[PDB]
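With the hints as constraints, model all of the structure from the sequences given.
Number of protein chains: 2
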Amino acid sequence: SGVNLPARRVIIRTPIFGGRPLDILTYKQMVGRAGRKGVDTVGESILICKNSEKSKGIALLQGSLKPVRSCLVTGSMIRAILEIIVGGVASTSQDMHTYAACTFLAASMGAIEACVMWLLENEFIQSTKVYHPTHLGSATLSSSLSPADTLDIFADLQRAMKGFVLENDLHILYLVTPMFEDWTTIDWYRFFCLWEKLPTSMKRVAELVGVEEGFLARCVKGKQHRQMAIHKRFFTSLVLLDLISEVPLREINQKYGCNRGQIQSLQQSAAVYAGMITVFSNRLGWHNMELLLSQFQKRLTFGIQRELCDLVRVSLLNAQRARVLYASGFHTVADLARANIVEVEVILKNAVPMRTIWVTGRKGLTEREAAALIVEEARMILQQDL
Amino acid sequence: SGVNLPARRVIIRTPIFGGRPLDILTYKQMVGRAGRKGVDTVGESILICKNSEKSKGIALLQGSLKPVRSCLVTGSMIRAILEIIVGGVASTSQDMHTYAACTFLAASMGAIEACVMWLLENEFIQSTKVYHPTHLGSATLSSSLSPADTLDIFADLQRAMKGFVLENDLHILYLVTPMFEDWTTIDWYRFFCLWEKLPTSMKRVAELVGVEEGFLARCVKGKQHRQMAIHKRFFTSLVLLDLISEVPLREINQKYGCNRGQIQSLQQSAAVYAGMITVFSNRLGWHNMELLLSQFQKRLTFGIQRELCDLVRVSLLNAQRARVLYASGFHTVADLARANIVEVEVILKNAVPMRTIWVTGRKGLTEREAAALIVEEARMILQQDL
Ligand SMILES: COc1ccccc1-c1ccncc1C(=O)Nc1nnc(OCc2ccc(Cl)cc2)s1
Ligand SMILES: COc1ccccc1-c1ccncc1C(=O)Nc1nnc(OCc2ccc(Cl)cc2)s1
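Chains as they are written, first to last, in the deposited numbering: chain A, 448 to 519, 527 to 563, 580 to 598, 607 to 701, 709 to 838, 859 to 891; chain C, 448 to 519, 527 to 563, 580 to 598, 607 to 701, 709 to 838, 859 to 891.
Because the hints were derived from the structure by calculation, they are not lab data. It is possible that part of the hints are untrue.
Heads up, the list lumps identical chains together, so a pair's fine if it works in one copy or across two of them.
[As the list claims (entries may be wrong)] In the BS3-like style, the derived pairs of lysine-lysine whose C-alpha atoms are separated by at most 25 angstroms in a straight line are:
| hint | residue 1 | residue 2 |
| --- | --- | --- |
| 1 | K868 | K607 |
| 2 | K513 | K503 |
| 3 | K675 | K834 |
| 4 | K503 | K607 |
| 5 | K699 | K675 |
| 6 | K497 | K783 |
| 7 | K513 | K783 |
| 8 | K497 | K484 |
| 9 | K640 | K675 |
| 10 | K701 | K783 |
| 11 | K640 | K681 |
Structure, rendered in structure tokens:
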């Protein structure tokens with residue numbers, strides 16, 4: 448389902464993918480890559496099946512795509535009703551049913583009343607029965623979060639304001655940690671070990687958010710839907726703690742047991758969540774929390790420290806071409822606009838963990874061209890932003 | 448002792464000033480204003496005395512200024535020793551006594583050893607006996623605070639990081655509140671009344687810093710050196726709360742019983758203290774507290790809200806020419822650089838609580874000239890800062 452990568456022959460080892468038969472859409476997506484346009488005369492797809500498996504293989508061969516659905527009480531319809539009401543585009547319930555008469559459900563061929587009742591009973595919307611957005615209802619639509627999740631997000635942030643720990647970045651990370659989902663398979667023993675070795679200030683954040691020690695890779699070590714979601718959020722917030730501490734990905738993998746792809750996926754998800762939480766607090770008139778969260782989206786997107794938050798504005802300074810360029814004295818995009826060209830070439834030549862330097866979207870770049878583009882990007886950034 | 452304000456005749460009602468005889472330096476300062484240069488031929492000072500008072504009056508007439516002193527264990531010598539050691543200008547104790555051989559005490563004609587011992591026993595300085611600044615010793619010299627006060631300041635900030643209240647500005651104000659000193663005569667009943675009417679979130683900050691209700695304008699209402714310094718800091722932090730809430734000075738005076746001169750003096754002192762605390766946290770590697778405190782110095786210097794923190798950068802927008810200029814849509818020094826000249830003239834003409862507008866250092870300014878200078882200052886600010 449990703450990038451366009453055609454191959455002359457596509458061999459699909461087994462029709463059973465992950466314990467379940469291969470999806471017909473997935474199978475079509477795979478076999479559509481068989482054959483390079485303008486190079487090959489034909490393209491070949493070979494699905495390797497056997498014995499009984501032969502039946503599922505022939506079903507995939509002769510199958511066709513399933514019809515499209517709507518997926519619309528439900529979270530999607532709640533989101534849609536909130537989106538229209540809070541935007542001011544629809545006010546009366548007659549308009550509310552008119553809107554549902556414009557959806558895919560109306561084209562495929580009660581719920582809106584239930585959605586309006588749920589939004590009214592949860593203080594997302596006020597009734598005068608003209609429906610008007612509240613402050614929480616406006617903040618949910620602004621920070622782009624599901625109204626189902628926004629209730630617990632509001633409760634968590636409101637509890638965090640009452641007591642906050644400013645001597646580390648872990649409390650500002652537990653709030654921007656999205657969830658556990660399935661980003662990794664948490665090892666309980668490993669978690670408990672890390673916990674037994676946290677600073678004298680972390681466990682303060684751990685107990686201020688809900689984590690424990692009697693249930694913190696303990697009971698589950700030798701073997709509750711919210712406490713599981715807290716510890717699996719604490720561990721997740723510990724990993725991000727090492728991501729914003731510029732710990733190398735291999736060290737994070739060794740200490741936590743999660744591979745680098747999972748760590749990168751988690752950091753991207755956490756940066757998205759941090760941006761959403763920042764907007765949510767900004768629209769709610771929470772100035773003492775939005776100010777704290779305003780930098781963690783960048784610090785999680787690039788996995789950096791605060792010092793590099795100005796250097797990573799350059800498109801070619803991710804988290805290691807900016808740290809080696811920061812240690813040499815360049816700590817600001819201003820010092821990098823006139824940064825001696827050949828100098829940054831030498832600095833990028835040093836510290837190796859022709860076009861060896863790889864840039865996202867630029868593929869491989871030679872050291873000289875890489876740092877030349879770095880200084881040019883710094884010049885553009887500081888020149889067009891004022 | 449203030450500005451140069453000469454008068455033809457200076458009449459000093461009584462030689463007894465504030466229950467004590469008038470200082471000879473103060474008397475000379477008063478009577479030096481008798482006579483305007485280039486206008487009067489002579490100047491007259493008349494000290495009105497009587498009966499016994501006549502003796503103190505004639506003593507003031509025939510008195511002379513006392514000799515200068517040095518005022519240098528003592529807090530001044532501790533400050534001087536810390537200043538030289540942490541600056542790196544002096545390292546060995548031989549150099550430390552050489553420094554004291556350069557002071558006014560050496561010119562007027580043990581202590582340095584006691585000061586070094588006090589700085590060593592309080593972790594301001596490390597001994598290798608070459609003396610080197612620590613992180614706390616470097617942070618004390620950076621944020622310009624007395625090392626005597628910096629210990630309790632460090633303890634208070636360190637306690638605040640563990641538990642902080644971000645849902646109001648009162649916790650960020652209790653840390654930047656200098657002290658009680660004598661800025662006002664606190665009325666206990668009034669204080670207790672205000673306290674009985676605080677938001678459901680203030681008393682959280684009050685109990686997180688040390689304030690109580692059993693002793694909060696209670697016992698002292700019907701009638709301990711630290712609890713007195715906390716409540717007298719809580720009340721002081723409440724007043725500043727109304728100063729940064731843009732409450733009019735007369736309303737603050739009515740609700741708190743402190744006149745406007747005392748309130749302005751307190752707000753200036755608190756802004757100075759906020760700047761010092763911000764630098765102290767900046768040099769200690771406290772990024773989650775320096776970020777919170779980075780705006781309160783301005784918000785206390787001008788007694789404004791956050792929205793006006795960009796408008797008050799203009800020299801002629803204190804806290805009421807910026808609020809009336811903010812309500813009309815100008816919320817940034819960018820919108821005020823091209824702000825229609827005649828438009829801001831009309832806006833300044835409105836909202837009155859020829860040169861009626863008074864500007865600090867510009868004396869009285871006509872509305873047209875005032876807002877013309879306002880837009881010119883905005884242009885200069887946004888033009889020379891990038
Ligand atoms: C909550 O918003 C986020 C902020 C940071 C990072 C991720 C998200 C996010 C996360 C999950 N799902 C969605 C979003 C999302 O992008 N929502 C957005 N809403 N507005 C945006 O700006 C676009 C824009 C701005 C101004 C104008 Cl005039 C027109 C368009 S982005
Ligand atoms: C703690 O510093 C404060 C900061 C804000 C407001 C009040 C104070 C304060 C309060 C009580 N006593 C003293 C101060 C004071 O100004 N100390 C200062 N130290 N350095 C400064 O900047 C001058 C400077 C800067 C850079 C160079 Cl290269 C040369 C000189 S000011």
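Verification of the hints:
In the homo-oligomer, the alpha carbons of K868 and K607 never lie at most 25 angstroms apart, since the shortest distance is 57 angstroms inside one protomer and 58 angstroms across protomers. Taking CA atoms no more than 25 angstroms apart as the test, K513 paired with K503 passes inside one copy only; the shortest distance there is 16 angstroms, against 108 angstroms between copies. In this assembly of identical chains, the alpha carbons of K675 and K834 never lie at most 25 angstroms apart, being 37 angstroms within a copy and 65 angstroms across copies at closest. Taking CA atoms no more than 25 angstroms apart as the test, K503 paired with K607 passes in neither setting, with 55 angstroms inside one copy and 83 angstroms between copies.
In this homomeric assembly, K699 and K675 come within 25 angstroms of each other (Cα to Cα) only inside a single copy, at 17 angstroms, whereas the closest approach across copies is 50 angstroms. For the identical chains of this complex, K497 and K783 are neighbours neither inside a copy (50 angstroms) nor across copies (76 angstroms), given an alpha-carbon limit of 25 angstroms. In this homomeric assembly, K513 and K783 never come within 25 angstroms of each other (Cα to Cα): the closest approach is 40 angstroms inside a single copy and 63 angstroms across copies. For a Cα distance limit of 25 angstroms, the shortest separation of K497 from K484 qualifies neither inside one copy, at 31 angstroms, nor across copies, at 115 angstroms.
In this assembly of identical chains, the alpha carbons of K640 and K675 lie at most 25 angstroms apart only when taken from different copies (19 angstroms versus 27 angstroms within one copy). For the identical chains of this complex, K701 and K783 are neighbours neither inside a copy (38 angstroms) nor across copies (56 angstroms), given an alpha-carbon limit of 25 angstroms. Within a single copy, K640 and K681 get their C-alpha atoms as close as 18 angstroms, and across copies as close as 11 angstroms, so both meet the 25 angstroms cut-off.
Hints 1, 3, 4, 6, 7, 8 and 10, counting from the list given before, are not met by this structure.
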